[PDB]
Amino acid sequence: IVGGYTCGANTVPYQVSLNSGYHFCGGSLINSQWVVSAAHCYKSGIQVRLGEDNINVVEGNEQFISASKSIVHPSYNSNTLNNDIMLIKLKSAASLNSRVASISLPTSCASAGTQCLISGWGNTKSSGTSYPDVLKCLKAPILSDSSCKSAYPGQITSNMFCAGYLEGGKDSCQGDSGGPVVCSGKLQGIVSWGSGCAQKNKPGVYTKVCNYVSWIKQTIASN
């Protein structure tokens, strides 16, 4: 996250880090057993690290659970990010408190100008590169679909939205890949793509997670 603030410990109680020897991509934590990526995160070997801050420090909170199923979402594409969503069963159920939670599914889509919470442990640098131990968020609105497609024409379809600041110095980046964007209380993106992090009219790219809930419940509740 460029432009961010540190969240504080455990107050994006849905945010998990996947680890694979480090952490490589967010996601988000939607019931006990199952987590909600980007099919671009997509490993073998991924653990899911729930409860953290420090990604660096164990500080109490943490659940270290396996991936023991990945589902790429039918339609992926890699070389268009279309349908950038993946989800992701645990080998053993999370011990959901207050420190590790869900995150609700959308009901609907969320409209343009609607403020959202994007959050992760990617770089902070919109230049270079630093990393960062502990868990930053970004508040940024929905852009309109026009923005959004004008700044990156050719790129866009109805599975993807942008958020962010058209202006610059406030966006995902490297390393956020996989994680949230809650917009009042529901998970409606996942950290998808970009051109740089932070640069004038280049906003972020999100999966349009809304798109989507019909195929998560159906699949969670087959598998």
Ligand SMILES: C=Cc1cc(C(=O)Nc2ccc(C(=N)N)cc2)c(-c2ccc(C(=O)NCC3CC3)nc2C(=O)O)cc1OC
Second form
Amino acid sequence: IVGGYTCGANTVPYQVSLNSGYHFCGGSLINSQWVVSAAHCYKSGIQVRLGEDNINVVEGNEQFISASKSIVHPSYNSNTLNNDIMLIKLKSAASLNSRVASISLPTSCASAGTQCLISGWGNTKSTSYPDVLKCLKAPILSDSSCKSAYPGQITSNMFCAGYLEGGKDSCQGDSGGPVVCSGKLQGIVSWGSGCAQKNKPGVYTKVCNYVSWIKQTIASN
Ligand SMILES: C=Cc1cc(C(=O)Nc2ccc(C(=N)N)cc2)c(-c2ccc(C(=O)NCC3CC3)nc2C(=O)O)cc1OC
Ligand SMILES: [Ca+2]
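Okay, that is the form solved without the ligand; can I get the form solved in complex with the ligand now?
All chains and molecules follow, beginning with the one already shown.
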């Protein structure tokens, strides 16, 4: 996160860190045994780390649970980044409490202008990687502004959020993490040209398009 602020320990209780020897992506806890992340975060040997603030220090609220299964969206295209979403099932159910909690899925999509909270352990410079969780409040941008910023690249499964002036954005290492708006998971950190650059806002997977797939996948897995 570039141009954000220190969230505060465990104030974003649905935020997880995906670890394969080191933090490599964010994700969002959506029930006791499932995490949503970006498809481009797929790899084997994932340990999900819940209850994290400082990802380099054991502070006492963590739960470390290995993934039992990953499910990349059937239509994910790694060239265009369309359908950049993946589900991860935990080998055991997380113990839910005030510091480790699921985030609600949307029942309707969010509109341009809505303020959201974006969070992660990604780069803070447009190189410096933080140990504690960083946060950014940012608005969803209009579809037209998003398409104007990235001609020919924005599909109906993507939205832009942030600040066209630059200076405030998600970044490398934030990928897969949450965009939460009024208590609903509306986005997943997906892509963008550099970070916090003028006229290059962050691009996010549009979660509301995937709720039926998420629910039916969980129901059968
Ligand atoms: C969707 C495909 C896609 C995206 C990213 C990526 O950049 N997304 C990103 C997120 C937001 C913003 C923004 N809002 N401005 C911009 C871009 C990457 C990727 C490539 C390189 C590194 C890296 O160098 N990390 C640091 C180093 C420890 C490895 N990280 C990533 C990552 O997943 O974030 C890899 C992808 O498919 C292989
Ligand atoms: Ca920790």
